[PDB]
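Only one chain is given next, in structure tokens, and it is the form deposited without this ligand.
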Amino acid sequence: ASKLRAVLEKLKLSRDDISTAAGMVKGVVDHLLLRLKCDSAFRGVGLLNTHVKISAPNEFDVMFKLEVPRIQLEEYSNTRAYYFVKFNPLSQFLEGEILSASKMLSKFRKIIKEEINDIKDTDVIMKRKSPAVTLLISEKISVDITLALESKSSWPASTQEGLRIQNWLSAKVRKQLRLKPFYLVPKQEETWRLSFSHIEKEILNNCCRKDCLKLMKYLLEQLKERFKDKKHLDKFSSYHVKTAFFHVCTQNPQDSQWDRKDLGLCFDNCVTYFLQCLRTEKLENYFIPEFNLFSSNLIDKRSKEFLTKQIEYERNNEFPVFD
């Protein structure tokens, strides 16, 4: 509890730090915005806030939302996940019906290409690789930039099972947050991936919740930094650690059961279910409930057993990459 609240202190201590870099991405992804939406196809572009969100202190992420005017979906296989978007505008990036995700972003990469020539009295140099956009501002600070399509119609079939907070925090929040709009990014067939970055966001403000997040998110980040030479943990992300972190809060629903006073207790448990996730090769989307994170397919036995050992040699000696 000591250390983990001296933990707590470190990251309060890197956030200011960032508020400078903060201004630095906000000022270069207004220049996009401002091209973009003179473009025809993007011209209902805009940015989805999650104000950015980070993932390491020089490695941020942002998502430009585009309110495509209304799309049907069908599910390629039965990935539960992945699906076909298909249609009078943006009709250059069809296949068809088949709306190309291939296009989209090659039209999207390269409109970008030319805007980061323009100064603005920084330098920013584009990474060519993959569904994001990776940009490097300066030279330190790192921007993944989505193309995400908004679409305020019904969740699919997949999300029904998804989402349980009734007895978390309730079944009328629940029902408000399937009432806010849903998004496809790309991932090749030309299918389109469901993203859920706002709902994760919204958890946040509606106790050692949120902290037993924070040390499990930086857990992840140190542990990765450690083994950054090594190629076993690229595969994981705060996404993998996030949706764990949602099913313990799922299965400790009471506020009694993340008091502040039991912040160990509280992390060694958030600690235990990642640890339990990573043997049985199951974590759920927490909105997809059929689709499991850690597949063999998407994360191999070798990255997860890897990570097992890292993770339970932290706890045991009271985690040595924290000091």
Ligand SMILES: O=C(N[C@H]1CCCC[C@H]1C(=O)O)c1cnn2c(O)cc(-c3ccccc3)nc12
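In this text, rigid core is short for the largest set of C-alphas that superpose within 1.5 Å between two forms. Residue numbers count along the first chain shown, from 1. What changes on going to the form solved in complex with this ligand:
- Looking at 119, 171, 179, 157 after a core superposition between these two forms, you find that only 119 has a C-alpha shift of 2 Å or more.
- After superposition on the rigid core, displacement of the C-alpha of residue 140 between these two forms amounts to 2 Å or more.
- A movement of the C-alpha atom of residue 58 reaching 2 angstroms or beyond is seen between these two forms when the two forms are aligned on their rigid core.
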Contents of the next structure:
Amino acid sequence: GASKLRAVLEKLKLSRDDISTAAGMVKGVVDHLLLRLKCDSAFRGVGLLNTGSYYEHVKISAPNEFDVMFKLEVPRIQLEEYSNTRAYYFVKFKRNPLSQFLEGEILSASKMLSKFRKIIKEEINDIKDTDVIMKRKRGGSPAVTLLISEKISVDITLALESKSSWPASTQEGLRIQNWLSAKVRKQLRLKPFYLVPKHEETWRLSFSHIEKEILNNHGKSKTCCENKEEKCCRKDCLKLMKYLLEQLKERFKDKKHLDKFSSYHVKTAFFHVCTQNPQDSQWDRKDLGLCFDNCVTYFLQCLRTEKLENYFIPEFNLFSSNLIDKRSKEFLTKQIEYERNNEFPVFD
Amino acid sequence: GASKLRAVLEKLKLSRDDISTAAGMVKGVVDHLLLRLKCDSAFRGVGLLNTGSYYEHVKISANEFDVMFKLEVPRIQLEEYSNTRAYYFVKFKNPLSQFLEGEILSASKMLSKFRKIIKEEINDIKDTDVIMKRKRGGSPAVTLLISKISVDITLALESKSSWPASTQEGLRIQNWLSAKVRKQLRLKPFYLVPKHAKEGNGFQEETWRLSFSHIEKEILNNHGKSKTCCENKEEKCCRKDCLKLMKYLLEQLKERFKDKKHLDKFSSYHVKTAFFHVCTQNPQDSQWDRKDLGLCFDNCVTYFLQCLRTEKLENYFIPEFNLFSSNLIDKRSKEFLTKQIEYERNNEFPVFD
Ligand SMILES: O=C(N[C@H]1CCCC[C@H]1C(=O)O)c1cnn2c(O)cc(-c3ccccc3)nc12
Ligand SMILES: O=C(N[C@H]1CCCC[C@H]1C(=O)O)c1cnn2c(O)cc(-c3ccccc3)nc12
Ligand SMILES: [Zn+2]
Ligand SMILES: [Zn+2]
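Let's see the other form, the form solved in complex with this ligand, since the form deposited without this ligand is already up.
Time for the whole complex; same chain goes first.
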């Protein structure tokens, strides 16, 4: 039932105050860390990146769990693609404050994360009612997790910033020309790109700032959602997709079959649905039920075909069997089909 | 009559190549001048502002270019001059210390320094000369003479603070380009150009005037309600062509009546301002369908005429500043331009022959 989707959206709206006060607590701690980090010669150019579901207004997860990125301005770097993977790179320099992090010619993610982690842990000791845990088994990103007031969790990810042209692997990505326009695609591609440490001393491409821009400025019409005539359901469809997946992951947290899926998979599928449906009239709020059904159906088709390209790097298949086994896709496919056939009881 | 408008537009297009190679000649000289300028401690933050009719793709009449040099400076505090809404004294909340006169930044001293270093560096660049631009209140400050090509150069201080209060009700693009876009543009810097606020000696010699030329460029080059306006055949509009035709109509009338003083105070900025107001009044892309170029241009002309008859043409960014005030343009000049435009319109624009 379409009205059951609206009921979910209504209740997700109720967490807005708690997300906002928690975010205010996070900002105060993060601002103090950045000021202390800036005092170190290697991290002088550190800053907040201001990305993630909170800033996209699509935060449906726990109000006590945030993800923040610290960006670091770097000398003009030279990238070397690792093993034709299109998304992972070694970082070298064309010409250095990060010299202490070099391992031969390449920038060591291990050495940089070590100092990043040590400074944060030292500085958290002088912040009232805050502790820090090293995030393990994520290849280095996120690097640390803060615990604020014994209530709020903050995953912190380090990201190198490069103002160079985007790597060649992105040349055919971000296929927004028929939706957001060729002019916008060109303007976005003039923005920096980021590299997060992600296991070899490899770094992985990140475009979280571009995803935020697209989600918050999402219509073909510049006035999309700014008046009653132009209210669309794009952002509500994404919230519902994220909530469906999170609810199913929670329901089967015991079993192992859904642990490899993440919000990024549904977010990526959603961007492809936007490419496939570029007109605002295809997203009329009065058709929220059908729009969500088509979003679910698209995600199911990705699962069944085992194809879900990174929206920026089309040759990187998030649904490769190297990343997610076939049985996990089959399990999630069956669970979602069951839910959809029964008007989503996991939403009850 | 619409086909005659298209004939004008096609002929204006023939000058694209010559504008481009001349613009390339200018870019080389300006780039070298800026590199030399940035060696001076006061102008370390100098840069090219990518504004003007060329960058807007609407350069119609004339080998003559206008360019702006932006200057990053420390945090500025503004003092409005005589309720003029557009003219300010500049104070600082310092590289420009030698150009203060008391608490305020002297436009006179800044121009003298700007003109000196330009004249110094041009002495090395061969096949380029510079003369002082006079009787424009300080903006433009100089004119470069390259090889056939003239380049007016304006100095523009950059302020990254919130825009002045006088702009609070301007830039009324919310129903056309969106409230989100208006917010994003108002987060961009604004500029101040040295500009005498009134004739005569005194405090009026040290004022600076608000400039939003970069915002005008952004809106003109990204002008549709639809992000894909003019990017495909279904969404071709005639906004930019209407502006070109309005500017060409004024330029041709100013040339035809160069023996009078009536049209001397009108400039392309008046029709550009009127055009932005017409875009506010007609916010939907379907109102600008290329099939209706003739009617769209007629409606642009009509709007300009109404501004003339009512003696009201607010600055698009500063709504309390009336470009058509009697203090700036006398009634008889507005009436003369009104009559000549009406004659042209009634006769299928003989100035476009
Ligand atoms: O959760 C995320 N990803 C997981 C699911 C996809 C495979 C990696 C997983 C992981 O690294 O944990 C994820 C959250 N943001 N983000 C992002 O901005 C980029 C990428 C990405 C992925 C592949 C290639 C290049 C970039 N992933 C993410
Ligand atoms: O030609 C231009 N202006 C003439 C016609 C209007 C009155 C002043 C005239 C002059 O200064 O010569 C003009 C070209 N750009 N530009 C601009 O970017 C801003 C302004 C402006 C005007 C009034 C108040 C605040 C700003 N004018 C211009
Ligand atoms: Zn919308
Ligand atoms: Zn257009």
